[PDB]
Structure formats: structure tokens, C-alpha cells
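Below you will find one chain, with nothing else, as C-alpha cells; this is the form deposited in one PDB entry, and questions on how it binds or moves follow later.
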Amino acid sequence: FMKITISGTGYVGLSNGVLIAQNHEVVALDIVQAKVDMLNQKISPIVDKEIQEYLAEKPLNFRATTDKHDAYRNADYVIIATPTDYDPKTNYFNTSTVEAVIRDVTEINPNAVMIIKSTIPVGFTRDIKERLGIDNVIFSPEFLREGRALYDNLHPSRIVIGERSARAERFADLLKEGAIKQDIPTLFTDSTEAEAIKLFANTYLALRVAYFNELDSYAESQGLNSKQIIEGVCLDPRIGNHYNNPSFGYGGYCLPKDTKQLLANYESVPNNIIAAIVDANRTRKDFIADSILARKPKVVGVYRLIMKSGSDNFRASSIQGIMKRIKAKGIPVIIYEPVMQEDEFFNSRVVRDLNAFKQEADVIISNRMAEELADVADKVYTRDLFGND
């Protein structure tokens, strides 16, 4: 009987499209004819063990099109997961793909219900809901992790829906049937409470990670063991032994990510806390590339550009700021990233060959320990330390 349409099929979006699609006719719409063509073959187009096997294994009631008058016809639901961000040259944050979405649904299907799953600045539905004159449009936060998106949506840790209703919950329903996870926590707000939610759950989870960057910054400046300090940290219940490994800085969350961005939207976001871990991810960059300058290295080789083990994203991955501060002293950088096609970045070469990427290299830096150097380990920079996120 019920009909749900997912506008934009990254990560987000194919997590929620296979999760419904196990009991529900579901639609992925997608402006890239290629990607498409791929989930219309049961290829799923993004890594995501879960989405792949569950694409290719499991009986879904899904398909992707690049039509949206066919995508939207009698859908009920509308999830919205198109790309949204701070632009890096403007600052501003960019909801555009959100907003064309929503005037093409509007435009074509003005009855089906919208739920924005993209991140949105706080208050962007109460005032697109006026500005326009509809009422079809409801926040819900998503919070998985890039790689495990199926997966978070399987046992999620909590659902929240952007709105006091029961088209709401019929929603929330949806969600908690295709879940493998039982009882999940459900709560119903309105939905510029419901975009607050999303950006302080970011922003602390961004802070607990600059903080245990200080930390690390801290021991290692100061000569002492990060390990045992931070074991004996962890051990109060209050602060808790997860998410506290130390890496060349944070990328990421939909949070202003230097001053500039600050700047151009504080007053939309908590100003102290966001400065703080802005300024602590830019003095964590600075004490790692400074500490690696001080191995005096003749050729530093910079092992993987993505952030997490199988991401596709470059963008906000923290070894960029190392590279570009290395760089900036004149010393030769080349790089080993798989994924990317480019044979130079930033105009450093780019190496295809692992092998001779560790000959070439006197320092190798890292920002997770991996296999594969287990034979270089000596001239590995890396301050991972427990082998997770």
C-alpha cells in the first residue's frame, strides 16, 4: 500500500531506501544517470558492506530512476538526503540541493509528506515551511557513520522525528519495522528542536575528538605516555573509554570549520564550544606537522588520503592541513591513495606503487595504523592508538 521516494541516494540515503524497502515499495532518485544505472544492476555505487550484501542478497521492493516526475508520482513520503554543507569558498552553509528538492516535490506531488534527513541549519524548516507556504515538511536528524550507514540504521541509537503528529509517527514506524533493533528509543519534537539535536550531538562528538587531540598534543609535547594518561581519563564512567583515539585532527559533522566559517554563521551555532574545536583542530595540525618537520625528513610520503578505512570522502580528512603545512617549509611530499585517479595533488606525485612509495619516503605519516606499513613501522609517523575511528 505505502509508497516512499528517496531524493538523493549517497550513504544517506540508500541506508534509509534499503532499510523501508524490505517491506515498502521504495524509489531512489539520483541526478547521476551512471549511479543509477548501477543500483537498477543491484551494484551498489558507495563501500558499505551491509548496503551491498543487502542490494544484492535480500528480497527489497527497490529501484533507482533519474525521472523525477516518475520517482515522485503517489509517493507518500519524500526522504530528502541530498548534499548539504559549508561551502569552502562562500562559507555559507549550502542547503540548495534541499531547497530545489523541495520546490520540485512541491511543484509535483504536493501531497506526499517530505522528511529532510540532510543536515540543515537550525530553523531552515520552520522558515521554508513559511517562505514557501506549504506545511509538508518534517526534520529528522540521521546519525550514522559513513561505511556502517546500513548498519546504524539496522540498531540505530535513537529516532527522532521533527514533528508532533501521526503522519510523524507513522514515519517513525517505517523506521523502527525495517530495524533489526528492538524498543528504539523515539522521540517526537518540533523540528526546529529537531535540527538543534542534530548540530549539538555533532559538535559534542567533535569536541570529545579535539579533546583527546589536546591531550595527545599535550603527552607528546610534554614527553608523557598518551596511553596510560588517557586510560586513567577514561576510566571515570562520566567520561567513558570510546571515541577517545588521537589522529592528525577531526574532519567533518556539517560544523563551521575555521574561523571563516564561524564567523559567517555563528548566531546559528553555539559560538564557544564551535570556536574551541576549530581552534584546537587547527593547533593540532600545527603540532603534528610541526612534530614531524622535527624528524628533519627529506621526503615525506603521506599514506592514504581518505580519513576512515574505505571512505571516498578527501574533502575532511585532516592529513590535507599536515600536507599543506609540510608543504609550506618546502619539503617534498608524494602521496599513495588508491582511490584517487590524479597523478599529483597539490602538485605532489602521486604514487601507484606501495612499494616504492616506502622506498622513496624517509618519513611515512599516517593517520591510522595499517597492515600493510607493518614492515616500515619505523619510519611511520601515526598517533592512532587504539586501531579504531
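Residue numbers count along the first chain shown, from 1. By rigid core we mean the largest C-alpha set that fits within 1.5 Å across both forms. What changes on going to the form deposited in another entry:
Core superposition between the two forms leaves every listed residue (135, 127, 258, 107) with a C-alpha shift below 2 angstroms except 258. Once you line up the core between the two forms, the Cα of residue 65 stays within less than 2 Å of where it was.
Annotation for residue 344: C-alpha shift of 2 angstroms or more between the two forms, rigid core superposed. Once the rigid core is used as the reference frame, the Cα position of residue 24 differs between the two forms by less than 2 Å.
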Contents of the next structure:
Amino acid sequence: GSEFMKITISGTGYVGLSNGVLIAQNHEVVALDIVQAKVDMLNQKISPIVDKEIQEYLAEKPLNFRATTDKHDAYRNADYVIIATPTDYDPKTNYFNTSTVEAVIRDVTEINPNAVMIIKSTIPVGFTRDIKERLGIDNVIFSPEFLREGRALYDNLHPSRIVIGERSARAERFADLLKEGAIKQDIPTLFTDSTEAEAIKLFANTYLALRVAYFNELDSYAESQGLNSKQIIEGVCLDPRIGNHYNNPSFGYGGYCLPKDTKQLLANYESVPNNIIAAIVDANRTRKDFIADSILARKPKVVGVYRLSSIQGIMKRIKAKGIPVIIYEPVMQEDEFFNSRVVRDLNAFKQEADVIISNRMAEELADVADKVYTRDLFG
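Shown: the form deposited in one PDB entry; wanted: the form deposited in another entry:
The following holds one chain only.
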């Protein structure tokens, strides 16, 4: 009887907490965290992370939810344990650090070997099949998370889809828990085998990077041929097989996931003949070179950056010519960024900057649009 289940969350970042609040609406949830201070705020119904819906739900809804720093208390009697501890992939060494996930698997296997673990942390392709065989256990299943930090609970209440990397009754029972707490009805739900589930996000994220890189190359062509990029892009994207989003020219795809995931996938293609996977990584370098070359042809003595991640690679190329960069970014409280000077006064910024670069056009820049370079079209 799923109605009487206990679900434990191990890791209280946005993924763990989102899943915990979602499920606690209808079931008993216990969140384990190593930091006593976070357990205290949670038990006082205060969210330790910035997320509107999570704070609203914890303070205003009757959730059968509590936290603890105690492992035995957290895991015992758990039907499912959702693992959402920190992990990190480093492209330079091709090293994926999964130590927090393996430590949790260790603890649960010792404390409650009957619990079914659902890993939501990001792990390498093949991780789950491998750890099951290494430890001689079977109670571990991977399920990707498609949440955006800052709208994590919102995304679990309105998910694109639910994917559980096991084809069985207990996987179907866990998918039911996720849909029961959701606001969206009829959520597409897919059951796959293990390694296939772990590859979905890399292929999905790499496709998005590909799309951005493609529209960026279309933009490189338009600039070099003196054409209106927006006219071409809008005409192309009115084809419904292509669609009209994720098509805004930029200085390169960036953010915390695409650069790393594209490289992670390329590393997984080590012995698979391919041209597109490798080109998606190379394309971003080529685009930043093009953007930097276009700015440098203007012969600036100083380049100003209006607001602050691909623009960092543009800064790097400019500073390699001995050209200083000044930055205007109020959100930044630092004195410098990658050694370059943050300027608080906006009117001095416009005066000194021979070329102002930005991933978005802006109202205040109108007066100096003649020296503003942005390829943004739809921001």
C-alpha cells in the first residue's frame, strides 16, 4: 500500500528538497542532511535554498516532512531513499566525482538493505549497472531530474516527463508517487533500462548546445555576408519541424551544464566514429574566435562588458592582445572578475569603452548603440 510508505531524501539541495516537498504532500518524508544547521531550519519550516515554491510549501502546507542528521532515524523503514547528493564532472581530466552517492549507497545498504534507492544526482553513463555489480546489490535505480535551479519544485509539479531507469513494478510504483503530487495531469512517463536512462540528459543537453551552435554559425555567416540574421532565423523557425525558440544568437552556448555535458558526451564517444558530437565542442571555440575577431577589428583600446558565461571566453581573447576590459555588473559584489575592473558608475563605463559588448541589448545603451556589439535578437 503506497498510501502508507516512507520516503527518505539523502541530500537537501534543490533536487532532493524539490522531490521531498512534492512527495511529503501525500506521504511520510524524512530528509537527511549532514549539516545540523540546515536540518534545524527545515524542521522550523524554513527553506535553506532560494526557491519560491519550496519556501511557500514548507511554510504554508501541511507536509508530513521532517529532517534529521541522524542516518539510522532517516533510513530505517524507508520504502524508497532518493539520493540527491552533490556530484561533479571535470572535463579536463574526464573525472566524474560520485563519492557522495557511493557513500550514501554504502550507508543505506548497511542500515536498510530492503529500501529501494532512486538516484537523482547526476552520474556517469553506466554508473548504476556498475555499482550494482560491484557491491553485489540490486536495489538501486537511476531517474534523471529535469529541474531548473530556482524553479525546482515548480518543475516537479509541472514536469516535462518522468523517466525511471528500471522496467518493473517497483519503478512504476515510484513514478506513481511523483505523479500523485504533481499539479500537471497526464505526465508522459517512460520506463527504460539503466544505462539508457543515464544517457538521456547528456544527449538532450548536447542537442540543445547543437541547436544554439547551429544558429550561431548561421549568425556568423549573416554578419560576414552583411545580412539581417533575424530575417533569416525567423523565416527558418516558422518551419514547425524546427520551431522558434532556442535560436537566439549569442557569443557561444554557456551556463553551468552545456559546456560540460557536450564534452562529457564527446568523451563517451571515444571509440564511436562521429563528426557532429566532436563538432559541437569545436563550434563553440570557433564562434568565440569569430566574435572576438569582430570586436578586435574595431581596434578598441578598452572593451567594456555590459552585464555578466561565454562572454568570459571573449574577455580572455581580448585580454590576450593586452587590451583591458572593464565590467559593468551591479549583481557582482566583487572588486574584480578574472582580474578585470568592475565599474559601478554606468556613465564612465560608456565613456571609456571603445566597444561595449553584451549578450543582450538594453535601453540605457541606446545613446551609444553605435559602439555596442551584441548578436542578441530575442532576449
